[PDB]
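Asker: Dock chains F, U and B against chain S, hints included.
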Amino acid sequence: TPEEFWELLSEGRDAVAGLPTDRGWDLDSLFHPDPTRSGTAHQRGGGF
Amino acid sequence: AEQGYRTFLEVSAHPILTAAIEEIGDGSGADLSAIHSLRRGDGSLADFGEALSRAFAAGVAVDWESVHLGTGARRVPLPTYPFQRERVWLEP
Amino acid sequence: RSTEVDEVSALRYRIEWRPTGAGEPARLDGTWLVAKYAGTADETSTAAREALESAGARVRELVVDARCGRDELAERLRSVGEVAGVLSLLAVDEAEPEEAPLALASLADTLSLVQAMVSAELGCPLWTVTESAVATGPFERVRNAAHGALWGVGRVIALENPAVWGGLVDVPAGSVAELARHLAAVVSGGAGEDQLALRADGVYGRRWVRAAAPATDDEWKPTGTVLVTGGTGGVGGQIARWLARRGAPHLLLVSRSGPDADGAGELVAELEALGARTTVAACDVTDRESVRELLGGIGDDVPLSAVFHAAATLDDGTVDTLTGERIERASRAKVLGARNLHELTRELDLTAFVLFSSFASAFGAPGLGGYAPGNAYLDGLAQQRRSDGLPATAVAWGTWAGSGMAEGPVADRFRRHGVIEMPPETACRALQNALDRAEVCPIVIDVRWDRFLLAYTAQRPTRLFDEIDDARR
Amino acid sequence: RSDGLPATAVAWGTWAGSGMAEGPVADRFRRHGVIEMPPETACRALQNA
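Chains as they are written, first to last, in the deposited numbering: chain S, 50 to 97; chain F, 821 to 912; chain U, 918 to 1390; chain B, 1303 to 1351.
In case anyone wonders, no lab produced these hints; they're calculated from the structure.
Do not rely on the hints blindly, as some may be mistaken.
[To be verified] The following residues of chain F were derived to be distant from chain S, with all beta-carbon distances above 12 Å:
{"id": "1", "residue": "822"}
{"id": "2", "residue": "824"}
{"id": "3", "residue": "826"}
{"id": "4", "residue": "827"}
{"id": "5", "residue": "850"}
{"id": "6", "residue": "879"}
{"id": "7", "residue": "888"}
{"id": "8", "residue": "889"}
{"id": "9", "residue": "897"}
{"id": "10", "residue": "900"}
{"id": "11", "residue": "907"}
{"id": "12", "residue": "910"}
{"id": "13", "residue": "912"}
[As the list claims (entries may be wrong)] On the chain U side, residues computed to face chain B include the following (Cβ under 10 Å):
{"id": "14", "residue": "921"}
{"id": "15", "residue": "923"}
{"id": "16", "residue": "924"}
{"id": "17", "residue": "927"}
{"id": "18", "residue": "976"}
{"id": "19", "residue": "980"}
{"id": "20", "residue": "984"}
{"id": "21", "residue": "1185"}
{"id": "22", "residue": "1335"}
{"id": "23", "residue": "1340"}
{"id": "24", "residue": "1341"}
{"id": "25", "residue": "1367"}
{"id": "26", "residue": "1390"}
Here a beta-carbon is modelled for each residue, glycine too, at the ideal position from N, C-alpha and C.
With the rest of the complex left out, here is chain S:
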């Protein structure tokens, strides 16, 4: 709700927590030491 969003801006809370797990995301091919591996993501979180 827009009033709960002001409880996020006024107290300086960051919404970046992590990747979602509800969606059935693989999450295991998403991260590899090789940054150019096809199928992998680079960000280790984000507000979801």
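Answerer: Here is chains F, U and B on its own, set in the frame of chain S:
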């Protein structure tokens, strides 16, 4: 009940034969809605305000711009609909 | 395109932290002891307690030191009186003692405390608060793989004393807000989660979920030399045989027994026939300098990229005698060996660092309570290595068809209330597929849910298995 | 058995990758049913049968 209408308002200071039309709906078609204005020894505006509540709750489409046509009432932010959410996910 | 890897798809599994409920908050009674240490003042104690006396009970402190005794906490709990539960804040913001991963003081204190409630006839659920001991997913990071050993032993404890064990409650490292926000409902929750991971985005429960195998085209080859720790052992032996079959150039089967092993020569001959230029060595893996000079003695003609740690010593895993130092000298060949190999291979471009663990951690395992923590440390180490620039694969194998490394009395017991020997001819393909995905922590099991969960969710109903579709049966 | 010829109708469980239901059916009970029974003990089971 056969005329497409299913609700009736027993307008009176006391609702005589209240369950009689409920008896009509119990034994024929669908159960009808018995809304009444007042009650024996109950004529306060709280009772009529309660009469409005049972009318709305029983399906009567009360005009709410007429109950509040003027009473010194202003819009107030209120919580929205509590969407009863269930997990509906489609996986590739 | 594939039909034979359908068996592998139902073999490999992964542990995923799905967001569960925070529990139903019930007004507690009696007392709830915040068992912890006393060396440093902890705001965690206050943050946990502020919602503990507000939960209806009272907060009593239970200071426990390293190996204080298997009884002290028992008469302390008898002195305080009837208790409805204990919060183990003894695993908070605690660094790993570099002497040994299993020598972690929190593990020893938790085991002693558990047996203390067992001998004290108290019968209250125990909750162990941990700080990011298990990442809520590869997006998150493990701070200490040694703390994940407490998680493994806790999963085992649930199968011994259902009333005494409550579960584990993970919280983010440094932050204590999640404690105050959730602990009151978590400890009293009628939901039944034995594995809690409190985070800023909610509460997550450990879940068993299928691992899909579309047979990714990427192929892992054993090119380079292969450091098979405990190669003479069957767990390492069949892996070495499969490596030689696949075309592994070098093999470096290393174990303390080495050439003095019952089956070393035959295995070496088989490897030389299937592959080439294989080597067996009698070298200790616990000592850091031993592994350092072993890698220094690895010929410069070949780089090292296939460290396959398989060595594991095990005698018993019963909680009644389980103490931290017992697990330490039981599974040091696992934990210290893996730590030394990882610390030595930060500077090496490994294409594979498959840590060979077992289901002792994946789920509860009576008689493997001294074995589980090692397997769990391996899992945490792999979860940490995949976050940095070193590929890792912590396969939690089932009982091995031919080995005796984990094939003991518990193996035949679980054969008659659960899992059995996975065929090597398909376990090797499962490992191949796990290395094709660079899977961080595969769980390759031959689990028979129908008959296995009849001895698991019986004493302690769980949602750990409430994500497998066939686990409803 | 009623007549004068000994018989033994052993029921079997899939073994390794050489079972009698080896394939999708095996892979499914390998998740919800009969287990891969080791030949080393299945032979002794037949022996005592």
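Asker: Beyond 12 Å from every chain S Cβ: check whether that's true for residue 826(F).
Answerer: Non-interface label on residue 826(F) holds, nearest chain S Cβ at 37 Å vs cutoff 12 Å.
Asker: Please settle this one: residue 907(F) was flagged as non-interface, so is its CB more than 12 Å from every CB on chain S?
Answerer: 7 Å, violated
Asker: Hint check: is the beta carbon of residue 924(U) less than 10 Å from a beta carbon of chain B?
Answerer: With a closest approach of 5 Å, the residue 924(U) hint holds.
Asker: Let me know if the C-beta of residue 984(U) comes in closer than 10 Å to any C-beta of chain B, holds or violated.
Answerer: With a minimum Cβ separation of about 41 Å from chain B (threshold 10 Å), the hint on residue 984(U) is violated.
Asker: Hey, does residue 888(F) actually stay past 12 Å from chain S on C-beta?
Answerer: Per Cβ check, residue 888(F) is outside 12 Å of chain S; nearest 24 Å; holds.
Asker: Against chain B, with CB atoms and a cut of 10 Å, does the hint on residue 923(U) hold up?
Answerer: With a minimum Cβ separation of about 6 Å from chain B (threshold 10 Å), the hint on residue 923(U) holds.
Asker: Given residue 1185(U) as an interface hint, is the shortest Cβ-Cβ distance to chain B below 10 Å?
Answerer: 24 Å, violated
Asker: Find the nearest Cβ of chain S to the Cβ of residue 850(F) and say whether that gap is larger than 12 Å.
Answerer: Residue 850(F) is indeed farther than 12 Å from all Cβ atoms of chain S, at 39 Å.
Asker: Is the nearest CB of chain S more than 12 Å from the CB of residue 912(F)?
Answerer: 9 Å, violated
Asker: Grab the minimum beta-carbon distance between residue 900(F) and chain S and tell me whether it stays above 12 Å.
Answerer: 7 Å, violated
Asker: Would the non-interface assignment of residue 889(F) survive a Cβ cutoff of 12 Å against chain S?
Answerer: 30 Å, holds
Asker: Taking 10 Å as the limit, does the beta-carbon of residue 976(U) come near enough to a beta-carbon in chain B?
Answerer: 46 Å, violated
Violated hints, in rising order: 9, 10, 11, 12, 13, 18, 19, 20 and 21; the structure is consistent with all others.
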